[PDB]
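Single chain ahead, written as structure tokens, the form deposited in one PDB entry.
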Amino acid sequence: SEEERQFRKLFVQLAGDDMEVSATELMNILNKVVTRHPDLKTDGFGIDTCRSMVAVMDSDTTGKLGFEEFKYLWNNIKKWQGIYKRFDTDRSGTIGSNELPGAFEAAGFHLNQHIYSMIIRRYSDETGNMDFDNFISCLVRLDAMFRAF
């Protein structure tokens, strides 16, 4: 419906002067998500993770995220946020070892030993839980990888 009309207003407002979303503007919008959802355990989205997101999502290499690049990422993020909440069945405000398999499958990813050992590990705490920002960050990198073998 007009939710597409809603998204265009979001993009234009967020992108500003240059019409593209930089890592800073991305950081702004992601921390707005954490602001509106205090039920999410998170230490916020740092500039480093947001620069990494842009680097792997900026496929036309403009250095920032254009309309189509931001729309793709944004819908993914909103979709993953829904998954994050849906799969946190122990109400920990995080996604743990018993929740992750289902969550990643719902996000459209198939896991393997490499992924668990080389990716998931670095994004989770000592009990295997990943907070909201790590969860989203891990998925952006995983999506960037899947879309590009």
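Residue numbers count along the first chain shown, from 1. What we label the rigid core is the largest C-alpha set whose atoms superpose within 1.5 Å from one form to the other. What changes on going to the form deposited in another entry:
Annotation: Cα of residue 140 displaced by less than 2 Å between these two forms, core superposition. For residue 107, the Cα coordinates differ by under 2 angstroms between these two forms after the core has been superposed. Core-aligned CA deviation for residue 85 between these two forms: less than 2 Å.
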The other form holds:
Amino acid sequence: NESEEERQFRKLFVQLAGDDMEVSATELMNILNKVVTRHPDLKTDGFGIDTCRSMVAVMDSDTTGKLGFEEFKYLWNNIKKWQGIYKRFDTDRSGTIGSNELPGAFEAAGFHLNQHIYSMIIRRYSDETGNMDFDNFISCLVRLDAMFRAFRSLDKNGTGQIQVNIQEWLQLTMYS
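Moving on from the form deposited in one PDB entry, kindly provide the form deposited in another entry as a structure.
Below: the lone chain, stripped of partners and molecules.
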């Protein structure tokens, strides 16, 4: 009752974990470094482990270090959008987006901040060359996504503010 895609992966799931249906980082790293690392329709070595550990974290509410299939499915779906936005901005098919394209690709991605933040995010995900590989482009969007989702979860009413004690602050920022 779901995109033929998802139900295949699922195999990779049941093979690795059984009825648990969950996947470690490094395990999940593989699975992704396959759909997207084979294909020369897109240039990229593979997703970093770190990148990978983050995907898991922002989507683990049980603090077990495992990504559930349902959650996997949410992640993949934005992952395949953000696929869209990648290629659509890597003209040179360099395996990077040159600095000046990012902020488009980003606003593209649904997240709209200002210059002041992009002058930081860029300055923090790019290389010395100031360009962000795919790895980084995805990793970022994974974060941003989750810090945005975090705030919604902590502002259910409407105030455009959240208040966190210290435990909340470190759970929400250490597991990220």
